[PDB]
Amino acid sequence: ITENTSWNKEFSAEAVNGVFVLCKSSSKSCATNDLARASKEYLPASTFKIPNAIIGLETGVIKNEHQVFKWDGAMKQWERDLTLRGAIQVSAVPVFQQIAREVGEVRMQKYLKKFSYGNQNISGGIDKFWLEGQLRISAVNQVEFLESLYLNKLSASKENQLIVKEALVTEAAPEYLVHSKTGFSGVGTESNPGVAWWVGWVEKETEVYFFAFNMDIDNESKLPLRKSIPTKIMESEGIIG
Amino acid sequence: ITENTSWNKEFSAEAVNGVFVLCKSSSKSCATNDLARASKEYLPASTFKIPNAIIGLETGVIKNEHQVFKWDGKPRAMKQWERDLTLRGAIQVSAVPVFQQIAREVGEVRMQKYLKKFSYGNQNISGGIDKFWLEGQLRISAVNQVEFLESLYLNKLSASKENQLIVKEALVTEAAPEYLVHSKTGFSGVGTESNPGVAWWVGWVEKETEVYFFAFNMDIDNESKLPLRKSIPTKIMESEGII
Numbered sequence: 001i002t003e004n005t006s007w008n009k010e011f012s013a014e015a016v017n018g019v020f021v022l023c024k025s026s027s028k029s030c031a032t033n034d035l036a037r038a039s040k041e042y043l044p045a046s047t048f049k050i051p052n053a054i055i056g057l058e059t060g061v062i063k064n065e066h067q068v069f070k071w072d073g074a075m076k077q078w079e080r081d082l083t084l085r086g087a088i089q090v091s092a093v094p095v096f097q098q099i100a101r102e103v104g105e106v107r108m109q110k111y112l113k114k115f116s117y118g119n120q121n122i123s124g125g126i127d128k129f130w131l132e133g134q135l136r137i138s139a140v141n142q143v144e145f146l147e148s149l150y151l152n153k154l155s156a157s158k159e160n161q162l163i164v165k166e167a168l169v170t171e172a173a174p175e176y177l178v179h180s181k182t183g184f185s186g187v188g189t190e191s192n193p194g195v196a197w198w199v200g201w202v203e204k205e206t207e208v209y210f211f212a213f214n215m216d217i218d219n220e221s222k223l224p225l226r227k228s229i230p231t232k233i234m235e236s237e238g239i240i241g
Numbered sequence: 001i002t003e004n005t006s007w008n009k010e011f012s013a014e015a016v017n018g019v020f021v022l023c024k025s026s027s028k029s030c031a032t033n034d035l036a037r038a039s040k041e042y043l044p045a046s047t048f049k050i051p052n053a054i055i056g057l058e059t060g061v062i063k064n065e066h067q068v069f070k071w072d073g074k075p076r077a078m079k080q081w082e083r084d085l086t087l088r089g090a091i092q093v094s095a096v097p098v099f100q101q102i103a104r105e106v107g108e109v110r111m112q113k114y115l116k117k118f119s120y121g122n123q124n125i126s127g128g129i130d131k132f133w134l135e136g137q138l139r140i141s142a143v144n145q146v147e148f149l150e151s152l153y154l155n156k157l158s159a160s161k162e163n164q165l166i167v168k169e170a171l172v173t174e175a176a177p178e179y180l181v182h183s184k185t186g187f188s189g190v191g192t193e194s195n196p197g198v199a200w201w202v203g204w205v206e207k208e209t210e211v212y213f214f215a216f217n218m219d220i221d222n223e224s225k226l227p228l229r230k231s232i233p234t235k236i237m238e239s240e241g242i243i
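Sequences listed follow chains A and B, in order. Residue numbers for the first sequence follow this note's numbering, beginning at 1 and rising by one. Residue numbers for the second sequence follow this note's numbering, beginning at 1 and rising by one.
Hints are supplied without guarantee of correctness; some may be wrong.
As the list claims (entries may be wrong) - Straight line, CA to CA, 30 Å or less: simulated DSSO-like cross-link-like pairs of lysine-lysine:
#	chain 1	residue 1	chain 2	residue 2
1	B	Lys207	A	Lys70
2	B	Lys63	B	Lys9
3	B	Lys9	B	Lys113
4	A	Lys204	B	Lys74
5	B	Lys74	A	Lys158
6	B	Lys117	A	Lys63
7	A	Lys28	B	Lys70
8	A	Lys204	B	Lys70
9	A	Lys28	A	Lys227
10	A	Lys128	A	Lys40
11	A	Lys227	A	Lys165
12	A	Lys24	A	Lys222
Said to hold, decoys possible - Covered by chain B, per the in silico footprint, the following chain A stretches (three or more residues, Cβ under 8 Å):
#	region
13	31-41
14	78-86
15	183-192
To be verified - Cβ-to-Cβ under 10 Å is the rule here; a few derived chain A residues that face chain B:
#	residue
16	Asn64
17	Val68
18	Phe69
19	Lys158
Rather than coming from a laboratory, the hints here were simulated on the basis of the structure. C-beta atoms are modelled at their ideal positions from N, C-alpha and C, and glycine is treated no differently.
Please model the entire structure based on the sequences and the hints provided.
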């Protein structure tokens, strides 16, 4: 992994502290704006839905690709029936809290170990460790995890990895496909900021690029930078056009 | 299946002779504009890439989802095909030479077997192994495409579930958090004024927790009308609230 400090310009103009990690073909060929931050570990927030969904399927907590998460009857979002894809792609706190409780802590721990997922610390509450608990993961580790999923190399069936991968598709054109996932822990303060993420991969013609971005957030209006900074960096590398 | 005569309005403007079949939830609930036409059988043209890809994977001719189909540098009919392509790419830019080569490696005995299992059309692959779907005798109806695509959606085709899922991702054409379209076009050519060609668009839409299966075909003798194969069906779906 090499450092490209010229990438800092994209963060500085907005006064944001963050990191971007980008790898072409494999995790053997990565660059970042900040080597130190690239390996610092942050709460995953909703990026945890990726491993949670896979564990859910492997264990049977989630039955199959076509399962519907029906509303039982504070957020409008949480009052609608959702597909797995819908649950991943829109806000659905109650769905994932229930999946995590059903998996349980022993099984959750085994899978995080198999996946080499961050610090693998799930204390803080079975239904909130990824959001207000002790779990932490680096941008580097995100890229490594996502590459394994891309290749179907996680300790999970190929079918379940494929199911999760379809649910992560967010942009589609004939020769350009994007799988990605945001995460956001909440707006913190200047001295105790939250963290926001954007992770995924881009398949462009026959190349693949893995990416992971994170940033400290203390101002609600800065949230969209989680997509625009990586996009600008990717653009300057020639990926987007 | 019932007939929705009001849908004809979308064909009258452009004088198109064709048919749209739309099914909500499953193929046990279908509507179409032309009952006669819905079961009539036509050359599938590039819509055949869907079973061809599944069969390619099942036979091991296509190695896995990440297989790259390398360009040898020699002229192809379309500039868009003159490059290395992934499986998704090859399908989406409808790279005929890539799939002709797949067919040849699959071969007639295996192809016949899989189409029988898939209940694909008239299952007639005479006309040469690398052209039966383009200029040969293979024929499938809009209602048959819908049956086949539902099986694929449900993973009920006689192929591994992994392979059905691979082809499924390769067919994604429109994505949003609660909206996903999987689709494939086809076009046989312009034929003559008297024996015109056929144009297709087939697929399914997942909107919130519902699924809609659809197929459309139309007669065509002028290439400039090609886009109506998407625009007509799209107009009917949007008028039904599928957007």
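To see whether the hints hold, each was checked on the structure:
no. : hint                  : verdict
1   : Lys207(B) / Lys70(A)  : holds (15 Å)
2   : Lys63(B) / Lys9(B)    : violated (46 Å)
3   : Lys9(B) / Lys113(B)   : violated (41 Å)
4   : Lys204(A) / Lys74(B)  : holds (22 Å)
5   : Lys74(B) / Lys158(A)  : violated (36 Å)
6   : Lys117(B) / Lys63(A)  : holds (27 Å)
7   : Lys28(A) / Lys70(B)   : holds (24 Å)
8   : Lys204(A) / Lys70(B)  : holds (15 Å)
9   : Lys28(A) / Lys227(A)  : holds (24 Å)
10  : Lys128(A) / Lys40(A)  : holds (21 Å)
11  : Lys227(A) / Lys165(A) : holds (20 Å)
12  : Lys24(A) / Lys222(A)  : holds (28 Å)
13  : 31-41                 : violated (count 0)
14  : 78-86                 : holds (count 6)
15  : 183-192               : violated (count 0)
16  : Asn64                 : holds (9 Å)
17  : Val68                 : holds (5 Å)
18  : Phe69                 : holds (9 Å)
19  : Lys158                : holds (5 Å)
Of the numbered hints stated above, those contradicted by the structure are hints 2, 3, 5, 13 and 15, listed in ascending order.
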